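Q: Listed below, chain by chain, are the residues.
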Amino acid sequence: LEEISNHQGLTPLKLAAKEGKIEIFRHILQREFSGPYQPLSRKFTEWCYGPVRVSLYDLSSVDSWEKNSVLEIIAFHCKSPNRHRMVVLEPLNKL
Amino acid sequence: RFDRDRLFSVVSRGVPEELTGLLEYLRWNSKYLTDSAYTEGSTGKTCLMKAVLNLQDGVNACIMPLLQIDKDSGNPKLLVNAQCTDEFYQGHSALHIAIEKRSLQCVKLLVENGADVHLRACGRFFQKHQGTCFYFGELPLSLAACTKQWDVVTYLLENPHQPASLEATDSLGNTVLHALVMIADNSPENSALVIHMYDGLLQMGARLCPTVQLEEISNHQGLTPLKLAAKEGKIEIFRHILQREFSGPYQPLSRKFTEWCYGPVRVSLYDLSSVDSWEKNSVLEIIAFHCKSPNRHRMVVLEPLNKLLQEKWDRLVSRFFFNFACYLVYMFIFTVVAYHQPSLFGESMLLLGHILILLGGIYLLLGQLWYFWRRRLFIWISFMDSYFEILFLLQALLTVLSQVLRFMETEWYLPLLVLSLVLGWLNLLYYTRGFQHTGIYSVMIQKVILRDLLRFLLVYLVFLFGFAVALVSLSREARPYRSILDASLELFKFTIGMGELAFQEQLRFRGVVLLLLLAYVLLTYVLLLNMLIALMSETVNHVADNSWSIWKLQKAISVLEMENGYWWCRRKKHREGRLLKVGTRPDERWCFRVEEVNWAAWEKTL
Ligand SMILES: CCCCCCCCCC(=O)OC[C@H](COP(=O)([O-])OCCN)OC(=O)CCCCCCCCC
Ligand SMILES: CCCN(CCC)S(=O)(=O)c1ccc(C(=O)O)cc1
Ligand SMILES: CCCN(CCC)S(=O)(=O)c1ccc(C(=O)O)cc1
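Line by line, the protein sequences give chains G and A.
Be aware that the first sequence starts at 1, since it is given in our numbering, and climbs by one per residue.
Be aware that the second sequence starts at 1, since it is given in our numbering, and climbs by one per residue.
Please note: incorrect hints may appear among the correct ones.
In silico DSS-like pairs for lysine-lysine, Cα to Cα no more than 25 Å straight-line [unchecked claim]:
no., chain 1, residue 1, chain 2, residue 2
1, G, 67, G, 21
2, G, 67, G, 43
3, G, 43, A, 101
4, A, 71, A, 108
5, G, 67, G, 79
6, G, 94, A, 128
To be clear, the hints were calculated from the coordinates, so they are not data collected in a lab.
Make a model of the complete structure from these sequences and hints.
A: Following this line, the structure appears as structure tokens:
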């Protein structure tokens, strides 16, 4: 359902970046579930030990290897004041 | 088959019965569960670590039979004592997993089967550095303390199988009390819980190690837990250790003893053992010269340190102002000899003045080379705030160089003599710290402006040079600005209010030269307006003024230098406080008496 594209070619995650909606953008981008819904995650905790968490984040719409990706959108297609708050989220900050 | 991939998937399910036949396969092959064939890739991680990572409701039913199976296999390198081996996880063990997973039931099961309580998780993940790491010390007991597990700490300390030694140390020599000081953060939630964890381990040391002074144990840097709290700048745990008071069985674990209390007035003896500057590498020397942190000025204003540094300052304020008066007399002679220079009785008095300046310049050069020799190990820490210690060395070098160039008779002696005369009077501002009013203002004035003007200067110099090469190139054609230096100076004069902005009649491009000046003026005044507003936005924040305490630290650094005397006359240090009996160890200590009057705190107890 999140690979369905509107007439601008945007998925829900790409639309949250273009419209600058940091809270729903952050939520979709970092989403983690347990049990039946694990494949609906974008974040998978690999291990946790004391204050340290190691997580795999899914880059499907995100990495700039893809044309019209989330990084290209925040940089060049987003109009909002919020763009500078979106590039400092994980995984985008380390990426 | 009972290969690794069967065993690791079996112990992950928590069903013990699927191990049936593992004994026969291990014996028939003559192999052991701690051989490389039974370990996870790119590490040393065993089937027991795989089991302890997968606890169900606090326990895994496979651990007890897996440990028998190892015990029945006749292994020379027991499965509980096997460790990870790669450069990140080296020395990590199933017991460190059991403690981080918070299972007292699994800690008991491992230690009952002979898991070594003194294994050091010492690979780079467990060291302290700027990357991904988790320092807890390196030992099971230090992990249990830093994860806040009293029941596990109690079990590790006083189980009958293998009690954790409170004297045990990691690869840095840190004991559990150094580990808790390393892990303290100055937030109220962390520091209050570290203070409780520290106190109960110290109170347990009085049961378990009754002859051992756990806070006199030194790590490989020579630091006790109190000295480490000063070097790492941990004010909350530092203040707590320094001012600690107990009643009943634990009174000898105090550093503060209330002598009497009457109304709003408390009189207390404070223990100066690691604290007084009579000892080499003491807490006062550490805060002044070995501590890197922003917190140093907050540490010198705690009791007993505040009254102890005031007592030292009062004994030395006449030496401080004698040192100032010698430097005034040296700067008077310097000025009376830099003025009255000849063209390039009065002549022999001028020669005497040059010899007194040479001797004062050599004296100050030797005194500052002795300072940087003594401060060698922490040399940047010993000048980061204390920038005058460089400016006195520079003034002394330039004084010796200018007299050397004058003996060589080269006329470049005069611009060095004049530079060392300017530095000489600028260095006179060091002594403004001797009085509260001038000494706090010298701290109010100097600030974050020095950091941001060095950033603005890059923007201002790209403007200034970019417009200077342009006005020089365009002012070359006839119908100011003769050279890059002259155009840089005419463009610089606009910032001092001396702009000389005009429609130059003789230049061919005079309208474009005027538009280049109007472009430079508008861009530069927009830049100065951005720069002033940027500085106001960071520096006018309402933070309560921390200048009295930064001045108290300047007086502390001054005292701890003056107590050594001079490079030629190294003073014998007097010892602060009195040797007093505070209790039974008798318990006789160099105590220092502080008297506190505090109506505002006392009235809340009525
Ligand atoms: C070697 C054997 C001979 C010793 C002669 C007496 C030495 C007195 C030293 C002294 O007063 O030094 C003051 C000053 C350095 O100040 P500082 O170390 O506190 O602070 C330094 C910054 N951290 O340094 C000076 O003012 C220069 C001293 C020479 C001029 C003396 C003039 C005397 C007039 C009465
Ligand atoms: C690569 C070693 C990882 N380790 C921690 C680093 C010392 S570990 O202890 O093996 C571990 C911890 C927690 C989890 C988990 O939460 O699933 C799994 C494994
Ligand atoms: C040196 C005289 C001290 N006095 C108070 C000053 C008037 S005192 O009243 O003798 C006193 C008070 C309180 C305690 C106590 O709390 O242990 C002990 C002695």
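Q: Take the hints in turn and mark each one as holding or not.
A: Do the hints match the structure? See the list:
{"no.": "1", "hint": "G/67 x G/21", "in the structure": "21 Å, holds"}
{"no.": "2", "hint": "G/67 x G/43", "in the structure": "22 Å, holds"}
{"no.": "3", "hint": "G/43 x A/101", "in the structure": "22 Å, holds"}
{"no.": "4", "hint": "A/71 x A/108", "in the structure": "17 Å, holds"}
{"no.": "5", "hint": "G/67 x G/79", "in the structure": "19 Å, holds"}
{"no.": "6", "hint": "G/94 x A/128", "in the structure": "21 Å, holds"}
Violated hints: none; the structure is consistent with every hint.
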